[PDB]
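Encoded as structure tokens, the following chain is the form solved without the ligand, with no partner shown.
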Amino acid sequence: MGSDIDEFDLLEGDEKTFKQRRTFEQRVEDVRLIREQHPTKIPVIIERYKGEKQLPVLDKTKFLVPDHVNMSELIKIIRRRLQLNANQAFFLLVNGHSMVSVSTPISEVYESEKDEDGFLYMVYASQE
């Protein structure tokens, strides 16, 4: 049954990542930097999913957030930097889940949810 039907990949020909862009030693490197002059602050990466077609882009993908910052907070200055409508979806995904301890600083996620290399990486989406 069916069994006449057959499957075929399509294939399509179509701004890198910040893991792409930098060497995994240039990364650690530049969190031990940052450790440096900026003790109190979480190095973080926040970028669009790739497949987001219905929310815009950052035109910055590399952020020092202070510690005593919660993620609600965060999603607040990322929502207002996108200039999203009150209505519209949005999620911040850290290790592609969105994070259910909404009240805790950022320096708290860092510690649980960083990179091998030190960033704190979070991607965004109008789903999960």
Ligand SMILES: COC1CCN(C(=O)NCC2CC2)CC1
Second form
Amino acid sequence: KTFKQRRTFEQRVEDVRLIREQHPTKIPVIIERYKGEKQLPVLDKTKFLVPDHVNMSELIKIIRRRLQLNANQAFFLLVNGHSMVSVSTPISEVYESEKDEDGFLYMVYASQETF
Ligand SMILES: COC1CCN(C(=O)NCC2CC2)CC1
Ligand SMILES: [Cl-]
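Shown: the form solved without the ligand; wanted: the form solved in complex with the ligand:
Full complex below, order starting with the chain above.
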């Protein structure tokens, strides 16, 4: 069901190396609905190539637009299993400190802060 379940560590590592080769300015991001989630839709896809200069605050706006949310729906975005310390950090900086050992940056969203 989840991305890590669908692809071998080898396949995830090689895909990241290829994004490096072909999409060198992009951060490879996996974005997944919380398995417990009732309110928010699932995304049309899992793997997002994010320009490396956008900050976390803009990536939240992008995903809320991708989900076609309205002003008073709640949306929480976990990175590498935990709350974002700050929405102002550029995603290039977030990648270097929060990337998985496979080379992807793993995110999960819910309507609840208590996932
Ligand atoms: C904000 O992230 C989304 C942008 C679209 N995307 C791309 O693949 N980018 C376009 C270009 C061919 C690589 C990943 C999802
Ligand atoms: Cl690029």
